[PDB]
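The residues making up each chain are set out below.
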Amino acid sequence: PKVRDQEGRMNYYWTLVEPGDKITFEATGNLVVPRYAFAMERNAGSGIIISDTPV
Amino acid sequence: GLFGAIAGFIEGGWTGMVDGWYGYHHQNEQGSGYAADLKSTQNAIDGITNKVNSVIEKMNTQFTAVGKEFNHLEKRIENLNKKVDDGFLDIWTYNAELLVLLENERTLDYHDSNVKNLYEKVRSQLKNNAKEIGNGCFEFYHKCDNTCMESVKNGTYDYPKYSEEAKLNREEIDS
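Here the protein sequences come in this chain order: A and B. Numbering-wise, the working numbering puts 53 at position 53 of the first sequence, and it's gapless, one number per residue. Numbering-wise, the working numbering puts 116 at position 116 of the second sequence, and it's gapless, one number per residue.
Derived by calculation from the structure, the hints in this document are not laboratory data. A hint or two may mislead.
[What the hints assert, rightly or not] What follows is a set of in silico ranges between Cβ atoms, one per label pair, in the way DEER data are often shown:
| no. | chain 1 | residue 1 | chain 2 | residue 2 | range |
| --- | --- | --- | --- | --- | --- |
| 1 | B | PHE63 | A | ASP52 | 17 to 27 Å |
| 2 | B | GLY47 | A | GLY47 | 48 to 58 Å |
| 3 | B | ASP19 | A | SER46 | 42 to 52 Å |
| 4 | B | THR64 | A | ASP52 | 15 to 25 Å |
| 5 | B | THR93 | A | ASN43 | 24 to 34 Å |
Note that the Cβ used here is the ideal one computed from N, Cα and C, for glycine as well.
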């Protein structure tokens, strides 16, 4: 069904890469390759808040 | 209340007594005035601080868990999460309200007991040498100077020392 002027669909995926691990890509079509990835470290005491309150 | 002294046989408080929770008011030839009883007030302050500590010290602040998000095919675990959140909230809300109510009743009774115990200590000492005139007040059958007054507020009052005096005045109105 046409959503936002588009009869097609795109599904977005994600994963995590361990240190010293290789990730491989292989396709003959229909691949939207990553360009900008992210390196991160977990804090502990953080979360997500849904609000309209000003900052 | 539970011990009959506060709002009981001692009808009201002393606004003019600002330096303590319990104590005495005296009146003799030297002078008058309110004076706090250190021992009862000091112990009671320790007890209430212990009581408040025993409630709040173990209520350490904690890190609240992340508010979970679920999709349309996760209603069962969404409801389970809602059941968990609601279950804990009801218990803490009900217990905290009920605990404070029960604790507050004991706090007032504790103050009532300390007044009654303080009154009994004085009554146990004076015996026939003074007349119980109600409202927690004693009228002496003998002259009690400032030095004599502190002996009553100490547990030292010498009944035989004023007995011969107080006996004569007692039987004088008794006859």
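Taking the Cβ atom of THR64 of chain B and the Cβ atom of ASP52 of chain A, is their distance within the range 15 to 25 Å? At 20 Å between Cβs, range holds.
Taking 17 to 27 Å as the stated bounds, is the beta-carbon spacing between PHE63 of chain B and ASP52 of chain A within them? holds (25 Å)
Outcome of range test on Cβ distance (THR93 of chain B, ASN43 of chain A; 24 to 34 Å): Holds - the Cβ-Cβ distance for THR93 of chain B and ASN43 of chain A, about 31 Å, lies within 24 to 34 Å.
For the pair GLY47 of chain B and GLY47 of chain A, does the Cβ-Cβ distance stay inside 48 to 58 Å? violated (41 Å)
Taking 42 to 52 Å as the stated bounds, is the beta-carbon spacing between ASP19 of chain B and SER46 of chain A within them? Check passed, 51 Å falls within 42 to 52 Å.
Consistency note: the structure conflicts with earlier hint 2 alone.
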